[PDB]
Amino acid sequence: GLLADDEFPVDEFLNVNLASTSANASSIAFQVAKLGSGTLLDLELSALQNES
Amino acid sequence: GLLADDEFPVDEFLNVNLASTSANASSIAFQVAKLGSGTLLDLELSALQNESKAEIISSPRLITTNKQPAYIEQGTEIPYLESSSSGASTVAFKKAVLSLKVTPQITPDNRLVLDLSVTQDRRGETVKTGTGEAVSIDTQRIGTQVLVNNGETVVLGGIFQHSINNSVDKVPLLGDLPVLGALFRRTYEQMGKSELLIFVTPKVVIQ
Amino acid sequence: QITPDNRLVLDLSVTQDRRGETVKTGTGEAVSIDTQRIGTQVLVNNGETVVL
Amino acid sequence: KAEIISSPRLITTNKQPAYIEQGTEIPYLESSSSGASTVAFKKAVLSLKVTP
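Protein chains in written order, with full-length UniProt numbering: chain D, 372 to 423; chain U, 372 to 578; chain G, 476 to 527; chain H, 424 to 475.
Fair warning: there could be bad hints in the mix.
Simulated crosslink set (DSSO-like; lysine-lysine; CA at most 27 Å straight-line) [what the hints assert, rightly or not]:
id	chain 1	residue 1	chain 2	residue 2
1	U	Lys466	G	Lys499
2	H	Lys472	H	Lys438
3	U	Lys438	U	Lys574
4	U	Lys472	H	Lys465
5	U	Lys405	D	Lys405
6	H	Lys466	U	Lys472
7	U	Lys438	U	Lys466
8	U	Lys438	U	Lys405
9	H	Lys472	U	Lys466
10	U	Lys472	U	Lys574
11	H	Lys466	H	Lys438
12	U	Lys499	H	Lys438
13	U	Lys472	H	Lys438
14	U	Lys499	U	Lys465
15	G	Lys499	H	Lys465
Computed from the model, here is a short list of chain U residues facing chain G with C-beta under 10 Å [claimed, not checked]:
id	residue
16	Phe384
17	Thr435
18	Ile449
19	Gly503
20	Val519
21	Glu523
Keep in mind the hints are simulated off the structure, nothing from the lab.
Built from N, CA and C at the ideal position, the CB exists for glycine as well.
Chain D on its own, in the form it takes in the complex:
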């Protein structure tokens, strides 16, 4: 109950934040959310490969 503003700290949530930084990168993301025992875990992969 300690912090005042509570919608979701999307940036304070993440442990490892090393996303592929581009405009055409493709991703996919998996989740496990209980909310009864509290546990939540998220995992997203992203990639890109081009040629010219």
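Let chain D serve as the given structure and place chains U, G and H on it in line with the hints.
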């Protein structure tokens, strides 16, 4: 009950505040909060480690007649604001090119004497000049006279660089304990290395 | 220039430039140019190619 | 702590001047002749200049 504004003093709360200051640093944080007896304790670790490599090669060529000057270029021409003669401005162009400029000479015992200029410049940042701005240039240049056998290579010059940095900030006595000390200190370490080389090789066209 | 033994001496300039970005000059702006240039004197047989 | 090392090299002919450079050229606002401005470039380079 003494202070008026109470949501949480997140900055006055922390005892030791030595977080890894970067944009790609990864962390993890543990907590023990009772709120019945009042006790609260927080501990967060953060880290980062990266690494990089690069390599560039460029090679221009020319053919020419003995004792005759030749050049080949590729780059940009930057318009600069004014050139001054007796009274007014002929605004001119500076070059930022990868260029080769040469005059050769053939000698009797199968050898060449070369008068050499080789450059590789680029367009840099835009600095502030007076109330205005202008564009700066990043350069690499070598100019020489050398004497080289007919069909082999020589290295004209090069530049080598190396650098190492270390830093620590800690708590005066605790940040030195054998295994626990890592809880009381921030550590930073960086290393760089660079190397540049220039080669040349002439050849007489035997028809 | 044509020589006796079926050969040419050429004084050559060949360029290919384009219009580049618009850089900042003083309180104003101007247009920059992207260049490729080669200038030489060569000696070549009558009807064949050489790389300059 | 800190430590930096830099070493340029050259080869040249006896009694003949040679140089090698690496750095930037700063455009400065104006150079003055009899009347007007030829804005010029100052150098900020790591350079070696030698006559043996």
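Legend entry - Pairwise hint evaluation, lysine 465 of chain H against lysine 499 of chain G, where the allowed Cα distance is 27 Å at most: holds, 19 Å
Inset, instruction - With a cut-off of 10 Å on the beta carbons, see whether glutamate 523 of chain U makes it to chain G. - result: Violated. Min distance 21 Å.
Legend entry - Proposed proximity, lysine 405 of chain U with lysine 438 of chain U (alpha carbon, max 27 Å): violated, 90 Å
Inset, instruction - Using Cβ atoms only, decide whether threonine 435 of chain U comes closer than 10 Å to chain G, and label the hint accordingly. - result: holds, 5 Å
Legend entry - Hinted contact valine 519 of chain U with chain G - closest CB pair below 10 Å: violated, 21 Å
Legend entry - chain G contact restraint on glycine 503 of chain U - CB to CB distance below 10 Å: holds, 4 Å
Inset, instruction - Could you grab the alpha-carbon distance between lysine 499 of chain U and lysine 438 of chain H and see if it respects the 27 Å cut-off? - result: violated, 42 Å
Inset, instruction - Please work out if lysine 466 of chain H and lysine 472 of chain U have their alpha carbons no farther apart than 27 Å. - result: holds, 22 Å
Legend entry - Pair hint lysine 466 of chain U and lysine 499 of chain G, alpha-carbon separation not exceeding 27 Å: The given pair, whose Cα atoms are some 16 Å apart, holds under the 27 Å limit.
Inset, instruction - Take the C-alpha atoms of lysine 472 of chain U and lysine 465 of chain H, compute the straight-line distance between them, and say whether it is at most 27 Å. - result: Holds, at roughly 23 Å.
Legend entry - chain G contact restraint on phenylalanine 384 of chain U - CB to CB distance below 10 Å: violated, 47 Å
Legend entry - Restraint satisfaction for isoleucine 449 of chain U [CB to CB of chain G, less than 10 Å]: Given a least distance of 6 Å, the restraint on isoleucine 449 of chain U holds.
Checked against the numbered hints given earlier, this structure breaks hints 8, 12, 16, 20, 21; the rest are met.
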